[PDB]
Every structure is written in structure tokens, then in C-alpha cells.
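Below sits a lone chain in C-alpha cells, taken as the form deposited without adenosine-5'-triphosphate.
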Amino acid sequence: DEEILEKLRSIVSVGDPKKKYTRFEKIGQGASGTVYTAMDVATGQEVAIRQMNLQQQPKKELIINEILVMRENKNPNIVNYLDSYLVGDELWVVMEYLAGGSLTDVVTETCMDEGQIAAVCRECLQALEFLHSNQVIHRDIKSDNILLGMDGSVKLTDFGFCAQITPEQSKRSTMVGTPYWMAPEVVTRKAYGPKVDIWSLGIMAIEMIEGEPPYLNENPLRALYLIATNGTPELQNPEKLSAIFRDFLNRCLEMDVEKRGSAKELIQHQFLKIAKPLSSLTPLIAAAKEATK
């Protein structure tokens, strides 16, 4: 634990963060830590700050991994990691703040059209292709981890479950993902690769169509069994979708991992070419935000 502290203390910026931030509002208080929105004194930028008491963090290596991965894998489609501070055993992680909530708010409060869905899928695939090319698997892709700007910008977040692979050890076996969004091979085999993120993107697409991932109202243990034994999930109203969207979904949700599209391949898919401008999402984001408070 002392070593963890020393490692963290090499990573963080020096001193106390309060020099820097004005106007803390508490928007969250989980097991993960307490989350504030705040304002950067120098830049005027609005930030989201996570405060953690390290005494009560069970798996601190995960936090170090999260910061190190985020630091070295900056991308326009990933929520920007800005800075970190350590004051005694109080750790602060500073992230950029996106004022448009999450995709979850949008899919549960509004109805996306295919052009809007294509835009979101494209932006997510941009993040995934970058990560995968860098040998990083996110492992917990789902609408809650897709954050939005008021302008329609789409960004991936939460690297607390991510994995770094290598040519020597190119597959992982740990089950860390949220069950409704897990690829079947995670439970059926003891090895999976980057394409688990592609499956999860497909489930997210289903969220955007139907408002929920398949089996949501089943016990998570049961959903995992159902995922593994049913395979590619079935839509309620397939006929209502365009042929090209159905094809895109089939490619994300292929049971055979070798046949499932890779992010690089999917970026070329013609479904993404129907994407509306990202600002088309702004009215949905506003409506969802109002609905949620």
C-alpha cells in the first residue's frame, strides 16, 4: 500500500488542487468516490473532479492503470483526462466535463432516428479503432459510459476496467464487463480479445433502437446464461430498420469472433455514411437533460 502511494505520488501533479478550482458542486457520491463539477481558475474550463479516500479503495492498482492508460491514449472521442493530485490519502482525478449527460439519458427519454444513431456509432467506433490500434480493450462499453456535449460531441469514458494486451498475451479472461453488454465468448471461453468491445457497441445500438439492452429486466446472472445460449439477440421489430442498419448490427453481433467486424472494418461500413451532423443530436440531448432534471 505504501508502494501504491509512492507510485501515485510519481504520477500526480504537486500540491493541493484548490489553488486551481472554483465553485465545487457535488453531482455524485458513489463507492467509486465523490464527484464534483468545478471550474478551472486559469482556463475557465468546466471540469468533473473525482475525490477518493485511498484508505477505502479496495483495488488501487486499477486507479493507477486507469490514469496511466488515459494519459497515454488521448483522443477526441475519449473524455479528456486533465490532471491528478494527491493530498495525503486523498486522491483527486480531474476530467473534462461534458454538459450533455450520457447516451443513457438520451435512449431512455427520447427517440433517435437512424441518422442520429449512425453518428453516435461512428464516433464510438473512432474511439475503439484508436484504442484497439493501441492494444487497449475498454471492456465496459455501454451507454452509461458514452458522454455527450451540448453540441452533440460523443466521448467514451471510464477506463477503470480496461486491459492492455500484447502480441505475446493478446487475449484476456477476466470477467469485468457489465453483464447485459458482454460478449458471449467472455462466459463461454476463457479468452477474448478486442472484439468484445464491438459486441458491446452492437448492444448499445440495440439500446438506441429499443431503449434497453436485451434481457435488462432479467437477473444479471440469468442474462449471462441467456446471452451465452441464445447468441445473437433478436430485435422486436426488425422490419422497421433499414437494410444497411440491420447489416451493420449483424456485423457487430456475430457469434463467430473471426466473422465479427473489427473497429477498423466497421469504420468503412455504409451504415455510418447515413450519419447526420452531430449537432442533430442537440435537441434530444436538451430534452433528455430537461427530463432528468
Second form
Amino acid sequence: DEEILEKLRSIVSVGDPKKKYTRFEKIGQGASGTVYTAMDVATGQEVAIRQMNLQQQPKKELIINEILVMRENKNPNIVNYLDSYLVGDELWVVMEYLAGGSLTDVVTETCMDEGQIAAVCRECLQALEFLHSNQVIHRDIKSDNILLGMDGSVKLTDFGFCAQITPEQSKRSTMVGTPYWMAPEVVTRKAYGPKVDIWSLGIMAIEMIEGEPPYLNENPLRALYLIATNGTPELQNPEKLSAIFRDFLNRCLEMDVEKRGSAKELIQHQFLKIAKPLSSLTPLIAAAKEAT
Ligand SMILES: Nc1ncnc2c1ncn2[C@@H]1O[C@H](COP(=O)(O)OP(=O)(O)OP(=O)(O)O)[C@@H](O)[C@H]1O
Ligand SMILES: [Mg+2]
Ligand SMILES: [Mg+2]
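Follow the form deposited without adenosine-5'-triphosphate with the form deposited with adenosine-5'-triphosphate bound, if you could.
Entire complex below, previous chain first.
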């Protein structure tokens, strides 16, 4: 851990961020550290700062991996990592603040139309194609990790579970996902590849249609058995959906990994071309924020 802390020291900016940020507002406090909203004293930019007590953190190497991945994989559809600091045992990670809450807020509080869903799926797919082409699998894709700007900007967060693969080693085994969003091969096979993120996107699309992933009310172990054996989840009112959307869903939620679309393939899908401007999400985001 002397080694790990020293590695962290080389990554972070020097000194105390306490001078550099003002008006901290706690917006989270659980497990992964404390998250605050705050203002960059210099720029006026509003930021989100996660604070972690390192001696409490079980697996520090994952946090190191998270920061390195964020630093070197900047993208308009990924929440911007701005800076980090280490003050004794206290690690600070500073992110851009997304004032629009999360996709979960939206899908639980409002009712998205197909044009709005196509826009969100597109932005998510842009992040995934980029990540997968840089040999990064996110592994925990879910509506909670999709953060929104008031302008309808869609951005991926939470790189604590990501895998850095190779063209040589395309496959991973570690169990890191969230059960309801997990692709079947995660539990039915010894290993899995980047297309687990595509399946998770499929389940998010279902969240946007129906308000929840399949099996949400089941215990996660029961759910996992259902995912593993039932395969392609069933829809409540399939006939209410456009043919193009249904096709898109089917490509994401193929049981046969080889048959499931890759990010690069799905980017070309015609469902995405019905996308409304991202700005159309603003009213839902505003309503969700209020209700929330
Ligand atoms: N960059 C950010 N901008 C705006 N809000 C954020 C940002 N990062 C995190 N949050 C919000 O702060 C809260 C705490 O986030 P946290 O890191 O605990 O993730 P989480 O979604 O709570 O995951 P967990 O299941 O680990 O609690 C969440 O409501 C999250 O949406
Ligand atoms: Mg999360
Ligand atoms: Mg998170």
C-alpha cells in the first residue's frame, strides 16, 4: 500500500484542493466515498468532488485504474474527469457537474417517447464505440451511470468496474456488473467480451420504455437465473413499439453474442436516425428534477 499510495501521488495534482473549491454541498455519502457539489473558485465552473478515505477503501488499485482510464479516454459522452488530489489519506476526484440528474430519475418520473429514447441510445452508443475501440469495457452500464445536463447532454460515468482488454485478450471473468443489467454469458459462461455493454444498453432501453429493467422486483439471484435461462427478455406491449425500435432492441438483446450487434454496428442502426435533438429531453429532465 506504500507502493499504491506512491503511485497515486504521482498521478494526482499537488497540494490541497481546499483552497481551490468553495461552497460544498453533499449529494452522496455511500460506500464509494462522499460526493459533493462545489464551485471552482477560479473558473466559476460548478464541479462534483468525490472524497475517499483510502484506508477504508478495500481495493485501491481499482481507483487508480479508474482515474487512469478517465484521464486518457476523454470523450463528449463521458463525464469529464477534471483533476485529483491526495491529502494524506484523503483522495479527491474532481468531475464536471451534470446538473440534469440521472437517466434513472427520468425513466422513473417521466415518460420518454421514441425519438427521445433514440437520442439517448445514440449518445450511449457513441461512448461505447469509443470505449470499445480503445480496448475498454465499461461492465456496469445502467441508467444510474448515465448522467444528464440540463441541455439534454448524455454522459457515461462510473469507471470503477471497467476492464482494459487487448486484441489478444478480448475476454474477462470478474463479476462486477449489476445483476438486472447483466448479459447472460456473464453467468452462463466462463468469460465475456465488450458486448456485455451492448446487452446492458438493451436493458436500459427497456428501462426507458417500461420504467424498470426486467425482473426488478425479483431477488437478484432469482433474476440472474431468469436472465440466464430465459434469454431475450420479454416486453409488456411489444405492439405499441415501432418496428424499427423493436428491431434495435432485438439486436442489443441477442442471446447469441456473435449475433448481438457491436457498438460500431449499432451506431449505423436506423432506429437512431429517428433521434430528436437532445434539447427535447430538457422538459423531462426538469420534471424529474422537481419530482426528485
Ligand atoms: N459528475 C457528477 N455530476 C452530478 N452528479 C453526480 C456526479 N457524480 C455523481 N453524482 C451523483 O452523486 C450521487 C452519489 O453518487 P455515487 O458515486 O454514490 O454513485 P451512486 O449512483 O450512488 O452509486 P452507488 O450504488 O455506489 O451508490 C448520485 O446521485 C450521483 O448521480
Ligand atoms: Mg452507480
Ligand atoms: Mg456511480
